[PDB]
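Asks: The chain contents come next:
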Amino acid sequence: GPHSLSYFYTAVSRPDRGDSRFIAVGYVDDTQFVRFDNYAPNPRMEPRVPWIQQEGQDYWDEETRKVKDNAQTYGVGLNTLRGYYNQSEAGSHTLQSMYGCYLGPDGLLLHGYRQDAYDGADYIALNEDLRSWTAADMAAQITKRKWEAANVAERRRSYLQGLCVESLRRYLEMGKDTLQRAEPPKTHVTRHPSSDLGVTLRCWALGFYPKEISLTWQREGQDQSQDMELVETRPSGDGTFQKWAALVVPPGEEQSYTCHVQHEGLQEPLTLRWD
Amino acid sequence: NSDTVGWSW
Amino acid sequence: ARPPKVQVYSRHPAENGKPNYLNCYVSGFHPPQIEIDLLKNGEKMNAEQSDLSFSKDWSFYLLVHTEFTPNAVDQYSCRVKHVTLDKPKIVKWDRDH
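Residue numbers (the deposited numbering), protein chains in the order written: chain A, 1 to 275; chain C, 1 to 9; chain B, 1 to 97.
Distance windows between CB atoms, simulated: (1) A:194 x B:35: 30 to 38 Å; (2) B:84 x A:131: 37 to 45 Å; (3) B:55 x A:186: 20 to 28 Å.
List of simulated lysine-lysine pairs, DSS-like, C-alpha gap at most 27 Å: (4) B:56 x A:144; (5) A:186 x B:5; (6) B:87 x B:5; (7) A:66 x B:56; (8) B:89 x B:44; (9) B:92 x A:211; (10) B:92 x A:186; (11) B:56 x A:211; (12) B:92 x B:44; (13) B:56 x A:146; (14) A:186 x B:18; (15) B:40 x B:89; (16) B:56 x A:68; (17) A:211 x B:5; (18) B:5 x B:44.
Negatives, chain B to chain A, calculated, CB over 12 Å: (19) 17; (20) 44; (21) 89.
What the hints contain is simulated information worked out from the structure, not anything from laboratory work. Cβ coordinates follow ideal geometry from the N, Cα and C atoms, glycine included.
Next comes chain A alone, as it looks inside the complex:
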């Protein structure tokens, strides 16, 4: 509902050879806008949508600076967490972070977050009040005490409340023609007679944005939604998304089943059938 800006950091350790790969991606809602990779020679913060090229080179230099520095913080942090868990230097390990802000009716911050995972598992998270931490295990209590005593919460809070939402507003203005348009699903139902007599009905939703959508199948006699084969929501390749939900129905009974499509790009919910 409210717009958001987020960054996704992935740091991977290299077995017994001291470096660490750092990958960062920037999103405004469900649209990737920036990227950074320190495998590249002379790594830089690079744009990955047309609109962010509105920003001049001052922006790109500064952001490049800050994600290079962040990148070495994550290298050290990898070696530290490997310390806490008493792991060897022969295996590769992963340190991930995601953080971001949602812009509220005020022009201010609705809510914001910062979460950290080690080897794919929850490690530490900032709480809703932006003044306290939640440690996922024994080691994250070490990190937690450290971060309370140093008031790291106020660094992430002043960022979320200040720079994060201000930049979010600017980015929403720059890409006004793409980021503020919710695009509804184009929908239709296909029919596949296939199991001697069972017929497969497949309800498609293509071309929509943002990501979140709901598709369910309903049968005329029953209040609960039907069992269905549902694919994970997937990118179209052009900035939109797509999904389908299918089920097998007895031959001749297709008009008992309805597909229900909910998306915030639609005026009201959509009912659709094999016509």
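Dock chains C and B against chain A, hints included.
Replies: This is chains C and B only, laid out in the frame that chain A set:
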């Protein structure tokens, strides 16, 4: 704009 | 380590002899090291790979994609190699799924 992430874990 | 889920699909409904985009979506995997190849009749196609990102559950997702004009004989498939799979996962493109 990025956060500045500088404190050790 | 969690295995990857792999989807192969066109951006638009397939029409023989009319240009489209072939996508290979790979998600839910950990760790992030992976090999994703779009195959046209067993031979790797030149395709761009998206920048590494992850979901709220920390599992990774990547999109490999290139242009294609499908017909009634060309066989498209996506080949994935990850530490969770000892033999590669090949999923063949189907216009209906």
